[PDB]
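Trainee: This is what each chain is made of:
There are 2 protein chains.
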Amino acid sequence: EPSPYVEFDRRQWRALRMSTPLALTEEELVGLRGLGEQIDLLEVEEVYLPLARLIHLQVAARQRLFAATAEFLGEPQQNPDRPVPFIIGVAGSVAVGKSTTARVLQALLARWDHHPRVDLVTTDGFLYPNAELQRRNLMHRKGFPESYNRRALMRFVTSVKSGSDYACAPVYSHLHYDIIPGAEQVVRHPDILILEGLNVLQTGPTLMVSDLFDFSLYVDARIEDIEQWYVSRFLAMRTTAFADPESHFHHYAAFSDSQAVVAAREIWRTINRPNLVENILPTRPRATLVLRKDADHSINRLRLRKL
Amino acid sequence: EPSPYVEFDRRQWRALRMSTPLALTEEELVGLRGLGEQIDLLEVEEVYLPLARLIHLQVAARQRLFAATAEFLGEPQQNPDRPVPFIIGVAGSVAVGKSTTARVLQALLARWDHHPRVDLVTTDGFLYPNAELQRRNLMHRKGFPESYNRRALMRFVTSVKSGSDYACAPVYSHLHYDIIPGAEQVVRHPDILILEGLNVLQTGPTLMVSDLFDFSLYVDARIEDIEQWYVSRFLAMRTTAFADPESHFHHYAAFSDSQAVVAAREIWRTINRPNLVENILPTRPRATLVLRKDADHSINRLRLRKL
Ligand SMILES: Nc1ncnc2c1ncn2[C@@H]1O[C@H](COP(=O)(O)OP(=O)(O)O)[C@@H](O)[C@H]1O
Ligand SMILES: Nc1ncnc2c1ncn2[C@@H]1O[C@H](COP(=O)(O)OP(=O)(O)O)[C@@H](O)[C@H]1O
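Protein chains in written order, with the entry's author numbering: chain A, 6 to 312; chain A', 6 to 312. A prime marks a further copy of an entry chain.
There's no promise every hint is true.
One copy or any two copies: either way a pair holds, since identical chains are not told apart in the list.
Taking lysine to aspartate or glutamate and the EDC-like style, the derived pairs with C-alpha atoms no more than 16 Å apart in a straight line are [claimed, not checked]:
1. 311 / 76
2. 311 / 80
3. 147 / 183
4. 147 / 249
Keep in mind the hints are simulated off the structure, nothing from the lab.
Based on the provided sequences and hints, a complete structural model is requested.
Mentor: See below:
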C-alpha cells in the first residue's frame, strides 16, 4: 500500500549527507545543547547534515513556487536580496529537545556559503502574561493552545513572510516564568525563519502559522521516555536554574530527589502529558520530517513526508 | 497590516488572463453547467482563463518541488511522461456550483496543448452506503464529515498522487440516492486530478486529503443566497430529476410550489446549512482561491492566497 511517507534508520539517512560540510566544532555544538541533551558531532553528521541538505534543495525549489504567483500577477520580479523568507517549524513535547534541534539547525543553515540571515523564534514569548493567564484561569494550562496570543503569533509570522523590513515578538523569561515587560525580539527580513514551539504544527478554523511553514520538523520520542527526561531534568535544575534566588521555582531547589520526583510527575501528569496527547501528538502526521529519538536521546529513525 | 491574501474584483482579475486562449464553444460550455448555473463564455474569459493560467504557472513550479526531494533522496530522475499528479480541490456548500466550476476547469485544463490527462472525481462516491449510514444512524447527516469513508477517500488520492498505474473509487447515484453496487471509477495516472466535494478542504488529527492538494478552490456566496439557489433548484427538479419514477425523490414531483418550498427549507435548515456553517465554511480560509459569486451566480470577487 502506497504512503505519503518514507522512513529511514540512521544508516539509510546518513548516506544522504553526501558532501554537505560540517562547519561546526564540538565546542560550538556544546553551547547549543540544552541540559540533558546528548547531541554530539557524529549525530550532527549522520542526521543534521542530510537534513541541512534537503532543506537547501527545497529553499531554491520553494521559491520557483512564489515566483510563479508573482509572474502570474504580472509583478516586478526578484530583488534576489529580499526573496520570500523560508519558514521552518519545529514542534514537539516539552523536554524533547526542540530547542537543541532548532539552535543546531540555525547554526548549520547560517553557516552555509550564502551566509543567510537565519533567525530563530520560540512561541514562548507569545504566551499571555501570567496576570492575563490568571484572568482567564489558565495558569495551569500554560502550553495549551489557548494560553498563547495566537492572533499576535500569526500576525508576526505573516509579517515576516510577507516581506516586512522588521517584526517584533514579545520575550519570555524562563527565570521569572513570565513575559518580560518591554522586552522585544526584532526580526529583520531574514532569509530563513525558524519558529520553535509545542503547538506550531496545529491547524484550525482560521488560517494559522502551520499554514505558512515551507518545511517542518517534529522531534519525537516515547512518551514514557519524555516524562523521564522531564523528571530527570527537573531534579537536575535544582542546582542550575532553580538554584537562583530570583527563580520563580527557587523553592524546588531544596526538595529531595524523592520529593522533586513527586513534584515533577504531578506537573507532567496534570499539564505536559495531557497537552502532548491532546494537542501536540495529533499534529505529528503533518510534519515534513519526524525525528524519532530513543530513550538515550539519540535520533535513529526518521519519517519523511514526500507527499 | 500585511495579509496572506490578495483580493480582486472581476475587473482586476480579468487582466491577468493575458493570452490564455478560449478553447471552449458556448455550446460545449452548456453541457458542463448544472441546473440553475448562469455561467457563460464571458465569465469563462474574465474569470476561468486567468485561473487556468495561474494553475499552469504552478504545475511546472510545483514539480521543481518534488524534483528536489527526489534529487535529495538520490533517486532516478524524471519519466517526463509520469510526473507527480497535480491535485486540485474544489470545495463549497451544496448547490453553490462546485460541479460546474470543476467540470469547466477540467475542460479548460484538458484542452491545453500538452493535452494533459485531467481526471475529475467527486467525494460523493465515498459516502457510506445508505444501509451503512442507517447503521451508524447518519441518514440525516449525509454530507457531514462522518458520513464519508475518509480512510478510503484518503487511500484513493494518496494512491493516485504516489504514482499508481490506476486507482478505483466507488460511484454514487443521485437518482437512487445511494452508492451503486459494483460501480467503479478507474483513474489512470492522470496528469491532473480534480477532487470535488463539500469537505475536501478540511483538516484533522490524521493526514488528510487537503494535505495532498497542490492548489485549491472554494466556491463561495452568501448563505441566504445559497439557500435560495437550493430551494429554487429543488422546485425546478420536480420536472427534471424528480419526475423520474425511479427517483428516490419521485414523491416530491407532485408537491406544490408552496409545499416544495416548505420541504426544501426543512432539509436546508436541518442538514445543509448546519454542515455549511460547522464544517465547510471553517475551511474557506485555507483555500488557494476563493470565488465570491453574488445572488445572480455571477463570480465578481476573488481572494487569492499568496502565502
Ligand atoms: N524552569 C526552567 N528554568 C530555566 N530554564 C528552563 C526551565 N524549563 C526549561 N528550561 C530550558 O528552556 C528550554 C525549555 O525547553 P522545553 O520548553 O522543555 O522544550 P525542549 O526541551 O524540547 O527545547 C530548554 O532549553 C530548557 O532547558
Ligand atoms: N436530487 C438530485 N437528483 C439528481 N441530481 C441532483 C440532485 N441533487 C443535486 N443534483 C445534481 O448533482 C450535482 C449536485 O451538486 P450539489 O451536490 O448541489 O453541489 P454543487 O451544486 O456545488 O455542484 C449538481 O449537478 C446537481 O444539479
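Trainee: Would you mind marking each hint as holding or not holding in the structure?
Mentor: Hint check results:
1. 311 / 76: Intra 27 Å, inter 12 Å, cutoff 16 Å: inter-copy only.
2. 311 / 80: between (31 Å within a copy, 13 Å between copies)
3. 147 / 183: within (11 Å within a copy, 48 Å between copies)
4. 147 / 249: neither (22 Å within a copy, 60 Å between copies)
Of the numbered hints stated above, the single one contradicted by the structure is hint 4.
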